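**Q** Each chain, written out:
Number of protein chains: 6
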Amino acid sequence: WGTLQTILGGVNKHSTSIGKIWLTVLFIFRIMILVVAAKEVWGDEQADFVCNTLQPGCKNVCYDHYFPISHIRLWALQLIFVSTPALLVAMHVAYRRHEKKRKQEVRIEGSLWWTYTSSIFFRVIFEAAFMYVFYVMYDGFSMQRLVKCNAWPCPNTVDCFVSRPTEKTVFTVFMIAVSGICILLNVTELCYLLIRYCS
Amino acid sequence: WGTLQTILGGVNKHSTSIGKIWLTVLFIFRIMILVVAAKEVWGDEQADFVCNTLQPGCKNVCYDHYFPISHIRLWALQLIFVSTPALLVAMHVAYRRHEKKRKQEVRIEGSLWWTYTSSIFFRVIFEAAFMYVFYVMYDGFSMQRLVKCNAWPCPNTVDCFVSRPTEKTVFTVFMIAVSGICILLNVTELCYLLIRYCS
Amino acid sequence: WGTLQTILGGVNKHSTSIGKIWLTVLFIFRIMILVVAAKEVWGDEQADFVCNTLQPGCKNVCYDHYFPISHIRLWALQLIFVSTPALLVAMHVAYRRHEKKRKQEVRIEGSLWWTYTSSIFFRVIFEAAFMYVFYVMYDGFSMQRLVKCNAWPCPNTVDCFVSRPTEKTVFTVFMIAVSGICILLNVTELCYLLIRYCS
Amino acid sequence: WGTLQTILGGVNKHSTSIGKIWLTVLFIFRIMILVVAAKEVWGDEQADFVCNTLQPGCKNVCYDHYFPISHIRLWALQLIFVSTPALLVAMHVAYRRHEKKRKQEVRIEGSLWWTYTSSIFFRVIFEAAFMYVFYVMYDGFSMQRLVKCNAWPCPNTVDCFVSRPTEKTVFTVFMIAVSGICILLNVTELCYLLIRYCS
Amino acid sequence: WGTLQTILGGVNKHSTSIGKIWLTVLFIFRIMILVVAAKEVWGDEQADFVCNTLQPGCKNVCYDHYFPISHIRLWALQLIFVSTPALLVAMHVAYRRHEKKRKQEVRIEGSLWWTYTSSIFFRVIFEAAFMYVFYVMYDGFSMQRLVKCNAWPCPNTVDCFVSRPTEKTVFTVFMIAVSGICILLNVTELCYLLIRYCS
Amino acid sequence: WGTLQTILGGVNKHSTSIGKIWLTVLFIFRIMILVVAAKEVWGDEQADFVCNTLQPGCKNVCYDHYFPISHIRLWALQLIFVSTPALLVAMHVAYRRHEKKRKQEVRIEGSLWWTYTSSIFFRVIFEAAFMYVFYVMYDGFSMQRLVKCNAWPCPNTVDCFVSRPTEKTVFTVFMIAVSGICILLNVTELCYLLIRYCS
Numbered sequence: 003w004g005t006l007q008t009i010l011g012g013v014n015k016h017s018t019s020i021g022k023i024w025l026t027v028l029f030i031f032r033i034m035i036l037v038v039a040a041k042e043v044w045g046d047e048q049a050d051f052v053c054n055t056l057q058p059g060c061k062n063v064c065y066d067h068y069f070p071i072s073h074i075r076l077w078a079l080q081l082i083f084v085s086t087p088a089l090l091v092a093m094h095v096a097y098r099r100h101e102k103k104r105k124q125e126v127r128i129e130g131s132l133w134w135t136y137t138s139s140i141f142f143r144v145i146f147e148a149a150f151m152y153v154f155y156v157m158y159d160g161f162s163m164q165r166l167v168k169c170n171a172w173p174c175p176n177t178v179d180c181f182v183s184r185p186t187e188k189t190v191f192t193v194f195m196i197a198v199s200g201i202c203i204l205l206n207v208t209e210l211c212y213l214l215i216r217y218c219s
Numbered sequence: 003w004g005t006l007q008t009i010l011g012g013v014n015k016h017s018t019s020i021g022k023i024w025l026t027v028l029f030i031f032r033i034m035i036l037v038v039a040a041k042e043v044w045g046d047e048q049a050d051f052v053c054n055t056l057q058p059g060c061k062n063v064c065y066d067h068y069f070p071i072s073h074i075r076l077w078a079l080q081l082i083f084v085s086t087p088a089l090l091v092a093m094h095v096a097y098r099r100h101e102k103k104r105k124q125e126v127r128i129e130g131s132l133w134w135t136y137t138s139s140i141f142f143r144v145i146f147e148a149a150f151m152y153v154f155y156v157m158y159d160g161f162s163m164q165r166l167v168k169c170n171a172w173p174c175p176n177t178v179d180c181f182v183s184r185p186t187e188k189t190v191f192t193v194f195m196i197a198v199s200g201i202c203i204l205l206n207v208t209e210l211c212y213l214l215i216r217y218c219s
Numbered sequence: 003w004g005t006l007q008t009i010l011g012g013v014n015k016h017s018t019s020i021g022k023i024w025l026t027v028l029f030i031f032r033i034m035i036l037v038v039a040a041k042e043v044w045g046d047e048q049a050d051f052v053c054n055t056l057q058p059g060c061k062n063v064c065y066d067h068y069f070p071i072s073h074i075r076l077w078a079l080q081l082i083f084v085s086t087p088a089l090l091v092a093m094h095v096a097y098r099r100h101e102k103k104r105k124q125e126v127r128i129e130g131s132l133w134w135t136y137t138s139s140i141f142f143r144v145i146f147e148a149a150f151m152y153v154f155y156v157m158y159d160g161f162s163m164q165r166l167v168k169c170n171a172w173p174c175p176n177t178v179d180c181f182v183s184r185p186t187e188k189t190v191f192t193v194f195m196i197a198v199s200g201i202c203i204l205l206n207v208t209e210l211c212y213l214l215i216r217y218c219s
Numbered sequence: 003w004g005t006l007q008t009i010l011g012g013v014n015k016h017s018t019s020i021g022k023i024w025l026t027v028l029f030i031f032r033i034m035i036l037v038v039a040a041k042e043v044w045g046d047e048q049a050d051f052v053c054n055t056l057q058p059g060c061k062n063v064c065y066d067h068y069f070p071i072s073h074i075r076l077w078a079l080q081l082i083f084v085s086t087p088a089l090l091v092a093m094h095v096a097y098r099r100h101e102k103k104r105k124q125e126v127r128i129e130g131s132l133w134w135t136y137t138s139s140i141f142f143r144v145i146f147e148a149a150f151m152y153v154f155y156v157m158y159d160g161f162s163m164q165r166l167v168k169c170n171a172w173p174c175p176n177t178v179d180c181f182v183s184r185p186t187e188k189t190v191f192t193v194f195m196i197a198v199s200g201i202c203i204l205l206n207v208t209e210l211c212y213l214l215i216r217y218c219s
Numbered sequence: 003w004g005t006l007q008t009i010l011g012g013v014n015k016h017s018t019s020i021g022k023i024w025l026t027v028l029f030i031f032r033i034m035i036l037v038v039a040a041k042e043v044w045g046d047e048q049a050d051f052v053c054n055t056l057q058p059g060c061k062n063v064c065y066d067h068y069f070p071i072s073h074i075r076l077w078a079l080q081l082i083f084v085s086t087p088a089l090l091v092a093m094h095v096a097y098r099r100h101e102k103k104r105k124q125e126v127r128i129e130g131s132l133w134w135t136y137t138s139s140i141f142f143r144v145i146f147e148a149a150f151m152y153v154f155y156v157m158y159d160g161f162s163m164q165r166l167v168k169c170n171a172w173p174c175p176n177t178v179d180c181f182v183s184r185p186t187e188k189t190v191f192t193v194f195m196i197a198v199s200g201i202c203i204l205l206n207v208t209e210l211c212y213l214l215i216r217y218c219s
Numbered sequence: 003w004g005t006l007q008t009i010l011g012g013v014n015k016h017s018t019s020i021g022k023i024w025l026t027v028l029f030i031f032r033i034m035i036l037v038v039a040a041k042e043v044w045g046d047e048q049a050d051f052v053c054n055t056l057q058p059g060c061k062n063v064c065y066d067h068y069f070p071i072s073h074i075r076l077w078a079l080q081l082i083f084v085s086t087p088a089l090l091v092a093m094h095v096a097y098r099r100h101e102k103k104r105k124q125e126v127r128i129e130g131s132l133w134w135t136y137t138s139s140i141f142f143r144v145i146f147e148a149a150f151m152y153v154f155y156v157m158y159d160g161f162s163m164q165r166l167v168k169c170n171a172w173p174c175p176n177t178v179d180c181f182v183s184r185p186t187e188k189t190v191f192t193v194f195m196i197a198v199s200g201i202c203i204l205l206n207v208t209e210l211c212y213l214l215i216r217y218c219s
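Protein chains in written order, with the authors' numbering: chain E, 3 to 105, 124 to 219; chain D, 3 to 105, 124 to 219; chain C, 3 to 105, 124 to 219; chain B, 3 to 105, 124 to 219; chain F, 3 to 105, 124 to 219; chain A, 3 to 105, 124 to 219.
The following block holds chain E by itself, in its conformation from the complex:
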């Protein structure tokens, strides 16, 4: 997109001290990694899914059973979910600034408190929910070479082999670690606000 500098620049202006660090980690180490590197790693996820069997349709159902939603698609949904609360508030800052000018460090004074605090709180919950889904659905952050499958129409148990499990594990750990960093950064911004008003 050609307007990336426009939106990133706009969000950068309407942010606190820590909040500008957050935009760096979100765009550089989450969007760029997902686009430049991660998406190509998952490009052949079903094509080189290999199952030791002669049963028609067994490969289709075994891949579906073990990867109900792809990792990269899960990360794409997470990025969209944690981007809207930031962009909506940043848009609201412009409207508030627009009213004053019609009469550069962002300060929370009035009703902006209940929007900024909610946006920070929502982003913490959204990241935690996706982190929990990643752990529960994939029983950890390590991809296995071999999966054992017994869903119909596979006879008894069938051995199946995943494409590039180690490279996928490496990028999974990277995305989870960065996401945890974003959670820590967001909690500090709550601590900064929670000691200004209620302390």
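No lab work stands behind these hints: they were computed from the structure. What you were told as hints is all true, and nothing was included just to trick you.
Straight-line distance between alpha carbons at most 25 Å, and here's what the computed SDA-like set of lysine to any residue pairs gives:
hint	chain 1	residue 1	chain 2	residue 2
1	F	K15	A	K105
2	A	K188	B	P70
3	D	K188	C	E42
4	B	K41	A	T189
5	B	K41	A	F51
6	A	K22	B	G130
7	C	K41	D	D50
8	E	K188	F	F51
9	E	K102	E	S17
10	B	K103	C	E101
11	E	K41	E	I203
12	E	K188	F	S85
13	B	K102	A	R99
14	C	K22	C	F142
15	D	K188	E	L36
16	E	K22	E	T86
Put chains D, C, B, F and A on the given structure of chain E with help from the hints.
**A** Frame of chain E, contents of chains D, C, B, F and A only:
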């Protein structure tokens, strides 16, 4: 597209309070999901359609019978249909504003009533029509692993297996849920108007 | 293209009342439909063309016999043909406007009559010619599941199966219906002009 | 390219009356056809080249023998060759205009005669040379379904079948016809100048 | 990206004498090499990985064992890691310049010392770490034609063959050599600084 | 890239009379040919490399032995190497012009001599080196249909067949011929400078 900021910004100016929320849901949670994630899920719909048979041409007719229109193609048509009534009115709002200046909250004063009210009414009807088609043509919002097919030239009944049914079910539920939200948002705007004039 | 807003905006300024409606139908429901939906429906037209035979080269000659020119390529040529008469006149209006300023509703006063009237007349003829070719070459607007082929080197008659025929029929009906609407809109603009000058 | 409007607009300003017609035929009916439609017609030229043989390497040498240069690659080279003489002169017109301003219909007065006349003359020769190569190398403008090949290592004569010969023939006739139109338009511009100076 | 000139130009302004040389080596000989040429050298890395065996899943586990992370993915991560410390400081230089103007050779005077010195120091460490990982994981900078694999489920030892090993070795040597040049350039900037303050 | 007009225009301003011709040949007849036509001539180089053998891995090692570096990747490296000395000097010319304005034909007066005379000299050496590598590694500028291969693990000698050798020979001759023209143009600029200073 590089002019997305131009059109989205332009439509944003010529909108009511709720109408700006509706534009966020349409572009973030419908267009971005369709482009970033959904389209790749359906990329191999016919390629890994697998049928347990030796009959030439049976795979072609069984896939055609069960997927007369792809889900992503249905969503692409729906997005275009529900975007025109909003864009046409927004253009008409600019012309009406253009006339006044030649002599920033949009207010429905005169003939704009019969355009805005019709534009909202059309969007509700278009969204409901596509939701109805999605339900009827696909007997619900869950994709099945196995489809049983007996169209010519398949001998008797043939078992066929769908690619990534669970991933496709997840994105189908997401898209229908968001469209239902858009319908609810549109109905409220009618309620806001229907109590100003006729109440 | 990034300059789409520029050319569409320029054509929009130099147009009549109905002519602006024609612009939306051409770009929204014909170009966007062809680009974002229709083109990948036809992406695998020859790849999943399946013929029940063991004869080398029979699949090649049977596909060529029944699809001498692809539907989407036929629509690409038609869109280009019906776009030039509109753009050629539009730049001529700019030159005429350029002359007057060197000394915003378009009015047909002088020599613009024989350009605008001809451009409308040419677009009706171009659209009718392509609508006629579509009917004659494909014996109607419905694509069949099975085609029977007896061209050399196929032995006797060979059964062959088309990829996604129902999907292709749906988009064929959509494109023909919209193009027929454009003809009706074009004829009215002739009626508006005809009753002004010769009535 | 996003700067297409810039270069086309720049070339449009520095041109004669006929020369502006030549710009539309070159870009709309040659570049757009080549990009939008023609290129994907040839996308599978070697992939679905089929030969009735069991000899390894026979398909490779038979395709190479009969298509030493691809049609679309031949058209891409021709378009580049006939675009430079126009762009170089148009750039030279800007420099001449730059000198006068530092002291909108283009007229040839002095040294511009020997540049404009040469540019027109070169484009006629370049187009004729490519049209002659198309005829001589491909023994006409009709692609055949069957080619008979006896180059080593093919045993005796081998039958081979071309992908989409009819669609390729249709676009070949279209490109040659438009190229001949451009030649006719260029000769007229020579006639216009040849009666101004030497008559 | 269309804003590349914007960011590169901005980084170019806020740099020292040597730091502007480092910008060209990073963008021209590392980013362009990776994008234009290297990436599609690795495009078929697993597709033409060939193993002499009949064992299902042996190709999957042998490729994973010998290429836990792809070379081009390793270079993409390295480029991102060594770009942020330069971009963050260049952003900080703008803020420092912004404060002075609100009251073109960059000079380190105050707190900029501890940011610039750390930014240079981090880049040396990041580059050395990736150069060390490249050597240790791939036992050198030369890719072998044959790899011997005995991981489960391969029986005994299996011979496997890499796609384009000489081609990949050439680009590996090129990328490592340029990174060593960048390390040498960065060390000199430390020497320039370490003799101004502490000498 | 959208900034191509910006960089090409900027380089065009800061150049001599001949240097502007060399800009045309480099971009139109080398970059455009490489991108538009040549690159996808080589798109299938290894996929349709065919070897008459049953030995696993023989195709991999025979292709690697005869094409250690692809032609298009060799050309991509050469284009980057001969572009940097021109761009670096042109940037230096801007800085020199910046100094004078802060106090349109480029003239070589002072320190610009040792930069310009070296950029020209480097470009001649870089082009000659790549022309030498092309000749030595590929034993000439003609690609052969058949290559005979005996590297391990191929048994005795194996016959292998190249994809589109004639098409590749035609583009190889074109690229070498243009490169030789650029060398001749560069040598003249040395002659122009040589007779000014040392004659």
